[PDB]
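Next up is one chain by itself, shown in structure tokens, the form deposited in one PDB entry.
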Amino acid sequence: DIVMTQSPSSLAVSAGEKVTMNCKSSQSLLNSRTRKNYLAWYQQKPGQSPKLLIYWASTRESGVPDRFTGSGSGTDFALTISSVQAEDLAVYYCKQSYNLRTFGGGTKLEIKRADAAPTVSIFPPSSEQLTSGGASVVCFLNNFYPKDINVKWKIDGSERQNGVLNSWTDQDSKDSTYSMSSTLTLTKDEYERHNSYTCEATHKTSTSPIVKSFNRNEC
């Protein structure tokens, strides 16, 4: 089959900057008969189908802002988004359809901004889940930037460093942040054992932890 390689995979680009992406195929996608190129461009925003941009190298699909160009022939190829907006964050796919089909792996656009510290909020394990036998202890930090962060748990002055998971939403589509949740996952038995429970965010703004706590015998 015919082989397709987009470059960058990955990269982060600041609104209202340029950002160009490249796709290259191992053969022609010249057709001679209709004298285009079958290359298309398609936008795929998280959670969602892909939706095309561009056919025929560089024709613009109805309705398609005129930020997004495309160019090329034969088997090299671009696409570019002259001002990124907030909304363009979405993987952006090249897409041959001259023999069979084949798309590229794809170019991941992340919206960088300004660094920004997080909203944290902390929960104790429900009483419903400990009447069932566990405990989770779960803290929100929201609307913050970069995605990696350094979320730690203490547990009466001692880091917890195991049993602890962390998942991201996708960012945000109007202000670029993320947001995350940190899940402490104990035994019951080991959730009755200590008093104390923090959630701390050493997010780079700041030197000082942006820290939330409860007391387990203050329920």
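Numbering follows the first chain given and starts at 1. First, how it differs from the form deposited in another entry.
Splitting the chain into two rigid parts for the change between the two forms, with each C-alpha assigned to the part whose superposition fits it better, puts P124 and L186 in the same part.
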The other form holds:
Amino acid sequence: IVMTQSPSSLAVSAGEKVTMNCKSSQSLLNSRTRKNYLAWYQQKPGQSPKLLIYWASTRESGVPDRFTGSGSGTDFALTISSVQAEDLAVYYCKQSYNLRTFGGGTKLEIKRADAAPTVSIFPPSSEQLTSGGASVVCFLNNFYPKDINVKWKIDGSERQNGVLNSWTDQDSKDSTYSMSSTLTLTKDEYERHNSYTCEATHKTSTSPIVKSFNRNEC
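May I ask for the structure of the form deposited in another entry now, the form deposited in one PDB entry having been displayed?
Excluded here are partners and other molecules; the one chain stands alone.
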């Protein structure tokens, strides 16, 4: 049996309601027991999954009323009301009608006000500069929404080679995202150039936020 969830993610504001959908490739309704063998699980980032709902609409003990499971046959849904920061997670449906199968998950995000990133640039450490390589790091911290563009410029020219980017999960404390961008060169190539710029373009402003440094000045 194949389980499919939609949408794959969505964003809801605090105190509002979310509905997410789970579809089965064949009916999960057990005619003998008169129950749909479909369960809902919550998985917060880096944590173990937790049971919310079973038999389609029965909330596990200790799960609050604000979670509601519904549906029948092949068509199910989980609704969360008064969505709070604690709800940041991926939600999985799971059939147990014939063996068990999980859906691909729906990621719940908390929608908040748009927020400009705090951008910080770091030159290679002197200790790394005693090594063979050189990493230039730029942090773009506590912004909303999640998508952002970073461009590196070395001596005034864009450099895309050896740039690696990484995003945090939405922040629990303020619902923002952060990203790191790391530009790694050989030490020799690092020392053949002077001007290093990190440029963040975010939907908050038309103008990128720019941090730079000149190797000569450190």
